[PDB]
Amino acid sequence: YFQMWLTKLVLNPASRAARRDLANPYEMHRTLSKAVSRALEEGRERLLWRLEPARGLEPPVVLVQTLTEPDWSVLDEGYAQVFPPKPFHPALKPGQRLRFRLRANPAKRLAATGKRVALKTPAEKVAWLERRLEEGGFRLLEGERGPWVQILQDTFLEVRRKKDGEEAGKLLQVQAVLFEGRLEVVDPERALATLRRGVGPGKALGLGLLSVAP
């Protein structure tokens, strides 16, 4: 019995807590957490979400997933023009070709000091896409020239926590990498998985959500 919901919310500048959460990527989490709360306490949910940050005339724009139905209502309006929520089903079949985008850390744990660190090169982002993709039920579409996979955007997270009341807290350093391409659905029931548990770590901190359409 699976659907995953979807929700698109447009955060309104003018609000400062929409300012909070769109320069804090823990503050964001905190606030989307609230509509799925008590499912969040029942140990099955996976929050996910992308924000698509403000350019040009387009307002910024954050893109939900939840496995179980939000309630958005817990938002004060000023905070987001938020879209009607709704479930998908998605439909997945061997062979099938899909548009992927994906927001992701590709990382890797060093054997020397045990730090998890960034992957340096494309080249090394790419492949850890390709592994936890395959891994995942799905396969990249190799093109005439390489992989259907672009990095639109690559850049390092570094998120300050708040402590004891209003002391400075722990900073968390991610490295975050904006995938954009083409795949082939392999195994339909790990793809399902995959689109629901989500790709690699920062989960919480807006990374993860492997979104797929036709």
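Definition used throughout: the rigid core is the maximal C-alpha set that superposes within 1.5 Å between two forms. Residue numbers count along the first chain shown, from 1. First, how it differs from the form deposited in another entry.
Measuring CA movement between the two forms with the rigid core aligned, the set 167, 69, 189, 41 has one residue at 2 Å or more: 167. After superposition on the rigid core, displacement of the C-alpha of residue 55 between the two forms amounts to 2 Å or more.
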Contents of the next structure:
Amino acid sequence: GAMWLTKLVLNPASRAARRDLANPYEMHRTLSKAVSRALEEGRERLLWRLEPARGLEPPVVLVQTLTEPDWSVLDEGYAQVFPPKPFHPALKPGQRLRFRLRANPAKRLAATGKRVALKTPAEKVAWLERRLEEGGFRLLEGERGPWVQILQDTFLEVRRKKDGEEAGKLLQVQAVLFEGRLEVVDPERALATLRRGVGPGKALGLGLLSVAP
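Swap state to the form deposited in another entry from the form deposited in one PDB entry:
There are no partners or other molecules in what follows, just the one chain.
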């Protein structure tokens, strides 16, 4: 098949841009409207990442789709958007690549049955590693440890626990931006993995594994 990458530069003057900036559910709904049909028909895995700001630079949202998106669904002036690019990962064994992944390292407690965030850099890096290896990739290892860094570890505001007429607890996920390098071990599998994304929260702008030299 083929893939698509789209760069949205959001207008901080746009109330809708800001609406979606503030709420992943919104952003998800806005984005989802570019690949609606394929979405309905099970032909689409929407994936996106909101890039960390370089200061006065506009917020920038990277989006991957299995199918051709139509951004004419966007209100203007929502975002300066450049024509989507057809994507065709040329993966070969041994090929080394840089990667960026905002994710939610997690496990299900066999004890409680509940899905919980891992707590330590170690556990978080181990998770990312299990996930990459099962996914046809392999972390590169420098002279001291894995060639991988946690650029940020923050909480992502999701939604509020409905409480009777009073504001309840906040629901949020732990979002971990990994950056590093890795090599392809099984091309086709690595492609599956890239087309699917990695771990929970795809609906909130997690799971998008990007790769390039």
